[PDB]
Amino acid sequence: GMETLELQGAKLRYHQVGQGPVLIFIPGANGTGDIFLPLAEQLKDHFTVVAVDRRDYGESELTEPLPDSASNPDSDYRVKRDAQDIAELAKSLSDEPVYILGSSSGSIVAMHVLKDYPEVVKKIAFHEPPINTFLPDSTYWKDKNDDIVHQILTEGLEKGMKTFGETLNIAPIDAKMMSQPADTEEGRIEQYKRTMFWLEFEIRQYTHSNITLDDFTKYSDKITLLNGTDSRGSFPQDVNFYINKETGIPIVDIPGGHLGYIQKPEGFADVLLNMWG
């Protein structure tokens, strides 16, 4: 459907309509070129209009993961790579410098195209740029951006998992260990990533997955249910009590809490050896 330009680390997809000199539209927050298509129809008699899906969005696809440092708020990897994508797109489509319009965060991509690859720019428009770096009050706006990201991404996660743990009657030691911040700032970014992945891709999917009581009954002789000695009253123990009630499969108590295997490894092992050694 869309056109493709294969670049280092990505397949860049774009829409193309019209005839005449090339005019590249760079999208803002939505990331995709489809938002420009009604506009392109109005221009297609005068320009070859090109509307880009920036490489992290839409029908574009990465061919290798983002660098770990891209999560750093001062990383320049993505904005420069987006600008290089536009410059390479222009060079692929035109032997002459081209017309470029970016809007909002796409206007910032456009500014980096002019800075890094001026040779591809005939004319350029910055539609409502939100860049703050050169403003006299840059700090105020930078701090507002930093704080809203921190509120939505970090604060929301921290507060939600605390109250969720309490509603499930998770023991304090488990709540602390499952939430404990990594000792390194490289580890804390991974940890956020891992926890958000688990929330979006694991908790709902796994806890409501296709296991029935009859699955337990059929292999009852193979199964041990384990409840921690330090996590009594918590929701997972009620799950085991229900399995036991309906199947007769024994519950064995084992030292520690939800994370008892690392809290009390000697005692945890002693029970496993009684079971299976």
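Numbering follows the first chain given and starts at 1. Rigid core: the largest C-alpha set superposing within 1.5 Å between the two forms. Compared with the form deposited in another entry:
- Of the candidates 88, 241, 97, 157, only 157 lies at a hinge (point where C-alphas switch from fitting one rigid part better to fitting the other better) between the two forms.
- The two rigid parts differ in orientation between the two forms, with the smaller turned by 22° against the larger.
In place of the form deposited in one PDB entry, output the structure of the form deposited in another entry.
Here we give the lone chain, stripped of any partners or molecules.
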């Protein structure tokens, strides 16, 4: 089983194995203490090894939502919160100061532990830290860092709905508006989760729904098949062409492309109104 320390705002889960003085390992960008278990196995005879799931990852769970300003690139809430987690964890296990090793972003947490709770630090190791703040060329790296983040949020969205549109033969215009990044940071990540949910839970399950031609001839007099006039050649229109030629349901051409209801709202209306109004 996995150990639990209940602290302010989170249930902190850790692995613990061995005998002796306490050795705490703080994980980097992966964030889970399991990456240290093959290391713990070697040291188990000489230290009580503690490998923590930092509070936002793995078996740890938040009992309170992250403060809203945590998304601000400048916030320091999470890194101080993680360091207090480690100090509180050391105090729960040992009456003397403990050994601490951090790697990558975990060594940055380790830097904040020494700075703010040195009383728990007997000895400490910083393994390959990527912090840039004190470097004479800090600005160069901080700006490089902000650039790739903003890139990835924007480029990840459009890269998926392109190979897709390209195999479905949709108009480039149409893929653009569909994978148009939102005008905001949270709205970019907002849109980003939807797009993943749509991938895993919608596209495969719906395009292979159990629908047959008998589901079109049954009430075929109630149906209309709509093709946009800007998006000829796309896979969706070939579907309509097949339904039409096997069932006799008419195809009505309607302005705009695959998003014609919002591309040409007035023309879409006029066709709908002529159809049903």
